[PDB]
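Removed from the display is one protein chain of the complex; every other protein chain stays in position.
Chain naming follows the written order as A and B, and within any one chain the residues start at number 1.
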Amino acid sequence: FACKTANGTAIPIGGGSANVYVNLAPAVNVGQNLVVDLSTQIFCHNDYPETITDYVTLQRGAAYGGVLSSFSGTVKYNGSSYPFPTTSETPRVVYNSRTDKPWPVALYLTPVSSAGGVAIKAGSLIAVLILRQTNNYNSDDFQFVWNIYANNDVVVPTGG
Amino acid sequence: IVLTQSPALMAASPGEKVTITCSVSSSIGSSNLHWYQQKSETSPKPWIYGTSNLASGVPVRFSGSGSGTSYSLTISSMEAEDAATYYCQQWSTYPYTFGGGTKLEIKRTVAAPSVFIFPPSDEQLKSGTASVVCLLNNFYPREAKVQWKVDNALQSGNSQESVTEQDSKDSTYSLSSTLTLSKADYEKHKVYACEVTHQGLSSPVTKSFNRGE
Partner (left out) sequence: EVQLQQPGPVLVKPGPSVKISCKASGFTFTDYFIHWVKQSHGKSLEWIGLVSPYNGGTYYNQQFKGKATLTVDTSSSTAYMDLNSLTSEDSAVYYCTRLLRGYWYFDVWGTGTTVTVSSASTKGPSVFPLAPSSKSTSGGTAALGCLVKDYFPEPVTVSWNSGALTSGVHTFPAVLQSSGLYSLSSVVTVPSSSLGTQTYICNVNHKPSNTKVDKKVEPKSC
């Protein structure tokens, strides 16, 4: 079932990979943590409603590029937090509706204790999300790939 | 080159739409550059927080729009008041770089720089100084053509000029030209002349006084 993003450019039914540009907080002191609100960014909807109850999962969520050495925490799926990068398949959620339901995922990142200057570069790669599609009619499993880029510079204030 | 702006000075008649452009070295992140105003000797007041985003306490005529590689601002209507210098600040990379900024004045017609003559006072001759003053009043451009002659000799390198800020009653300027000449150098000549030629295509004004009279 086809998804979308804030830019409106995403992948069609069956799978694929896309790029999603998100805006972050320029400064977050160690402690107070910035919510990567993908919930306002990514959206998806059951293209085939009624008799086929859609099942959508976050199989793989990995953090590399900038975040692997920078702002990096857990991942909140429908309230339930899980360690990030995703070491296991998350508990399932369902959509089964003709409405671009918000992706109930937020990246509760956390700056490292050894953070320095501009830890996240504008345009650097922060996180990647893999989406699992299962339904109630066939054994078709499709992966949907999102590549999050922060178009902005995140630097934690640093003192001594 | 991480940011730049053009030009250094717009102007605007009342009720006239104004546009200002801020071009950046590379396409940035879309919708995150901020526009501030700074009045003279006043705290800066923010107007734009990213594209098409009025700041805390902005009018609706003030607005903005643009794209990921070259942003811009539009002020739809003019009522003076907002005559300040406006700067584009990029929330993309560190170091943040305020642009060159555009000292935005208020536009009216051409005003003739009325020229006035001032002999130095007699008492300052006790200090060995005699500073003849030439006055220019009520002219639009910050540059109007001036010249300094003493006894019809081309004097340069000792002249000086002082420029007013923007006016608040007719949006005009005023300039003070001051020469630093000794009492002996004053008495060495007779004719003092400042010439302003911002209308000299027909008849320039070269008013001058007679010394000791």
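Going forward, contacts are C-beta pairs under 8 Å (C-beta built on N, C-alpha and C of every residue); 3 or more make two chains touch, one makes a residue touch a chain.
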Which of B:97, B:197 or B:206 touches the missing chain? It is B:97
Of B:49, B:62 or B:148, the residue touching the omitted chain is B:49
Per the whole complex, from B:23, B:38, B:72 or B:77 the residue touching the absent chain is B:38
Touch assignment to the omitted chain, from B:65, B:152, B:180 or B:182, lands on B:180
The missing chain sits against subunit B at residues 34, 36, 38, 41-46, 49-50, 53, 55-56, 85, 87, 89, 91, 94-101, 103, 116-121, 123-124, 129, 131, 133, 135, 137, 160, 162-165, 174, 176, 178, 180, 209, 212-213
Omitted-chain footprint on subunit A covers residues 25-27, 29-32, 117, 155-159
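The rule is simple: only the chains that are shown with their structure count from here on.
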Touching subunit B in the complex, subunit A uses residues 21, 23, 26, 117-118, 121-123, 151-153, 155
The answer for subunit B against subunit A in the complex is residues 28-32, 91-94
